[PDB]
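Okay, here we've got a single chain as structure tokens, the form solved without the named molecule, with questions on binding and movement later.
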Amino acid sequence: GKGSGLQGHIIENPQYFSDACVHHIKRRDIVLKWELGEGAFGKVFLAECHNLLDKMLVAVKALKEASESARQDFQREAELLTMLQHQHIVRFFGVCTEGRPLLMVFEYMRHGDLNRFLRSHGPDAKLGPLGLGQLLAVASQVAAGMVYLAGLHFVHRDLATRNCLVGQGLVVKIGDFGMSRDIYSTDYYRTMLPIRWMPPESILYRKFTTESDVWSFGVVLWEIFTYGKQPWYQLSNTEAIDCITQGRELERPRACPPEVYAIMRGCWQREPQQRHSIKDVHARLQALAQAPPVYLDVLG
């Protein structure tokens, strides 16, 4: 998991420790149905898992036969994923290390990644549309997952809608399979970095922090309010990099009320220390999701 938030946390946290006691699933209890996605180092399948909770649907990541260091990384990642337990973090069920391929088992998120979900439920629908209340509920749930990660001093490093998943009844959780660099290659710039989601200190120094994650969340909000459009879509990577470092801001989306644009702007302060905390950003979004702004409302 080169440059993953999972490995970066293990490397950097001096108080972190974990024994090797992850939940093990017997290979015979996993029955693959069909492929969901493919990357350079793995494949993701939809599967049925017996004796897990009865017969239930899961997302299974299979590793393309790995070197000793790749197998050691698989183990490190599995231990940390066991620890990340939150209502808005994709649930990790365990591993299958008896025989090959090595498997990681996750809960199945039936509506797929949030970027595909937004694009298929918005204007000129990619093959019904999401209302403002639903867009705010999606934003508030990604914000809740980020509050949990910040509380652990866990830096995501790649927060974007492609790295969020959608389940039953509009449930949104942060989670990926580590293959967004292959599936969404145009969202990275070559060591591949998601520059369009990155603040100036991340581009300049490859510095990733809780504050760079807040900026990326501001970019996620803009993605949500444009129904999955790519930030700086009219520009090349080099022109986007110049916009970011020179202080150009993304425009207010048509579906975005001014009070919500103000939230994105608080995430986008060029000075990291001036960015709003994710706790405050989540509280305002949760309040708006339950009382959505109305165009031409009498405010007083």
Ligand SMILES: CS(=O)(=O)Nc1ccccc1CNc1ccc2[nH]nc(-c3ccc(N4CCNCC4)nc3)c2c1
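For the two forms, the rigid core is made up of the largest set of C-alpha atoms that agree within 1.5 Å on superposition. Residue numbers count along the first chain shown, from 1. First, how it differs from the form deposited with the named molecule bound.
- Among the candidates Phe41, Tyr261, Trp232, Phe45, displacement between these two forms reaches 2 angstroms at the C-alpha for one position only, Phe41 (superposition on the rigid core).
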Contents of the next structure:
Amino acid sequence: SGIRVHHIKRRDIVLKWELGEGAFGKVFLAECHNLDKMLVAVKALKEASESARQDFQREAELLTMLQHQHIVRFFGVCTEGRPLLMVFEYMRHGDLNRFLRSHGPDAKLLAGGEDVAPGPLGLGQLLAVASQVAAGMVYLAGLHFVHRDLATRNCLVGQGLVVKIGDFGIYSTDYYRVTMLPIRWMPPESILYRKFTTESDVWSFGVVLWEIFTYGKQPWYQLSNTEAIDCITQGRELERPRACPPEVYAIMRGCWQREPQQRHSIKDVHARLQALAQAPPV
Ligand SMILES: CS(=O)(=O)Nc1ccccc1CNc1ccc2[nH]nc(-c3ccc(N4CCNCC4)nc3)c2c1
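Complement to the form solved without the named molecule: the form deposited with the named molecule bound:
Now the full complex is given, and it begins with the chain already shown.
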């Protein structure tokens, strides 16, 4: 008894090549038949655990029931032989962090694609990406879902700057080696009391908002993991980005209140973000 997970025939999936590697294993570009031929992203678990076979069904069940407009489209699994496979839609731009970086001032005009100009994005484009991520967080907050790793590296960019949350729950400085913590995105109540609620995600979204307007710079990049923990817990906030209007900064400062109850809800942050997106101050 639980969520009916769509199973896919292994012979209906032809692996093209590796797109990347993660904790879970490897991601590939592939063709999928009978879902007409169609390009898709496929995750392959490294397995070698009976437990990891349990986390697979868990994630597959949550993904199958969390389907929405700003969450990466999940098509089903393949348990017909090791390795286990998760099939998703293909977001041709890859993760939001690398996308931002490729449109930043250090990148000059090396960004490609036919859908977006190389070099910096429009203010209205930056607020579109921000608003799309917020909307995905509003949906997850609705189902009492808490994202413990909200960061631009866990979002995907598709054709026409469609941004979705691509990843949910070990060598980058993003994560502190303890359990790996992405402390730099964590509010004080998570570092100090080990609490993570909906309001925690509102604080994390503020950092995502900062990441977006810095073109994917790492929060407190000048500081170590412990130095960042000191700042966060002492009330020191990130500097406004060069490319950030005060109305956006103000939204950021609204997520960075020490008292979680003194933070605006994610539905209000979305709303303020959607508004500006339809009317970018510039
Ligand atoms: C763990 S990973 O290989 O870095 N994949 C990944 C990256 C960012 C956010 C989420 C993931 C999780 N895997 C995943 C899930 C659904 C996906 N749909 N499309 C992709 C996808 C992933 C990567 C990708 N590229 C962009 C071109 N550079 C090579 C990698 N193009 C599309 C994808 C990945």
